[PDB]
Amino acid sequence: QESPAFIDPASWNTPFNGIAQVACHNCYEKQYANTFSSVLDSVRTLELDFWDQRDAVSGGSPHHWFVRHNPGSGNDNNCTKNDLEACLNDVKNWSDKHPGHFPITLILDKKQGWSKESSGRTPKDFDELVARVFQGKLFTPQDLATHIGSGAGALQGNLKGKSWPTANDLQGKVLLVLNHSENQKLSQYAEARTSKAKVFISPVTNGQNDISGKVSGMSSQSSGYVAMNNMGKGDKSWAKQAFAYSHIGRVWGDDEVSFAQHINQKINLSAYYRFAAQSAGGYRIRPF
């Protein structure tokens, strides 16, 4: 079991959903970290923005995605061709070098739509990439479902009143999370992959239905897989309901509010551009 100073030792025996973290915001950008791997000197939750095309309209290849902030171009990031796969391998390699690590959560913020089969960037192609890179390191929705005695398609509601595995249980694990501006893209992913999904969907959340009902922009069937919720600053009040439902809540854009205050607001993952500057009682990871 690792013991960097930033992790409160009480975290290890706490269910993952009962742990608050400082997360990065867009830490693949050169301006926020010198290398992507260096982010793991400070936090255990990272973020990658990924594009199908080299710009908005051209330059994609099968089984490949780019990492950059703007529509464009190409790859513009601090990973070790520094594409999505390369960025993911930086995490995989850090994980191999730190047996016993606190579970790593990677927010995969998708910037374009899914392709059809011919172009090699479907939900299935995405799952195949992340599985090829991480292999057995992943902890997936079905793994959580089995832990709580639920079908994966009923995580949404069956998580209420339940504990995730503890950080100790999740030593050495990687959790992948899908974001997009449009919940439709998450619904498409879940409809394609169902219980085989390698990635947790985390919809944009601005009402109770996005936690526990038919999520805005999604089918009822896809809604049932929701075990995580994504909130901008204006919607962070919903983190208390994510918490109530044992969904992992992430709040982005709220940098002028301290980690301690976010803990009090029941936010699991508080995303900061300046992640190293944040702490509470010397810690960046602690139980609520």
The other form holds:
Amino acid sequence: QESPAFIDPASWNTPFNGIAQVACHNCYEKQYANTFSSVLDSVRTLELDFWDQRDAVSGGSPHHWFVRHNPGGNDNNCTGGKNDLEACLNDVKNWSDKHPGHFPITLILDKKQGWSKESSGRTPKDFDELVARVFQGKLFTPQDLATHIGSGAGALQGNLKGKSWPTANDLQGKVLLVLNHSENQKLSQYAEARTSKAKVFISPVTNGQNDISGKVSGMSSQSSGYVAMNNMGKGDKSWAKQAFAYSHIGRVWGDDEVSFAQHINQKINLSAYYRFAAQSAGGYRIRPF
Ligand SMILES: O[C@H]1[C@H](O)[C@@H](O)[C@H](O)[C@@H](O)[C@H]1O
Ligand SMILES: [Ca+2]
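Since the one above is the form solved without 1,2,3,4,5,6-hexahydroxy-cyclohexane (INS), can you give the form solved in complex with 1,2,3,4,5,6-hexahydroxy-cyclohexane (INS) too?
Okay, now the whole complex, with that chain kicking things off.
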């Protein structure tokens, strides 16, 4: 079990949903960290923005995605033009291998384009196959959570209410992958394709109760039932209290002028900051609420 100074030791025996963290915002960018791996000196929740194409219209290849911020190749601080998604994911895998006993790592995979058809090799299945090939047994997935709470994975949404996630100690050495997109439709498409086999948690844009516990905006009812995480911008952060009530992992981004301690008091699990190292509460970046 690791013990970097930034983790409150009380965290280990706390259910994962009861833990507040400082997270990065876009920390794959060179301007926010010298290397992607260095982020893990400060936090356990990271972010990658991934694109199908080299620019907006051209340059894709099967089984491969690029990592950069703007529409336009690769522009990031991951190991490596061959510093692609796979390279960034391998940076995390390698850090994990070098720190047995680590607090679970959460990676926010912020998808920037749509899914491809089969022939282009960038379907939801292709994505799962990539992340599985890289992380292997390190992943903790929605089916794993569903088994933990005694639910079907397609009924996590509502069956999580009143339940505890595994503790951080139970999740030592694990990696949790989270899918985001500006359009919830792309999450619905991923969940309809992968169902209980999904390697990645979907975390929809959340601006109403239905996005936590009902038919999520932009998704089918079937996809909605897989929701165990919720993603909020600054203006929607009040929804974190309901994510907390439903034992969904809530993330808030864009609220950098509010302190970690204040986000804790707002029941936000993952508080995303550009300047992550500069945030703490009582010297910690990970602590129970
Ligand atoms: O630009 C935002 C921001 O990058 C967030 O960190 C992310 O979770 C979103 O999905 C995105 O649209
Ligand atoms: Ca992003």
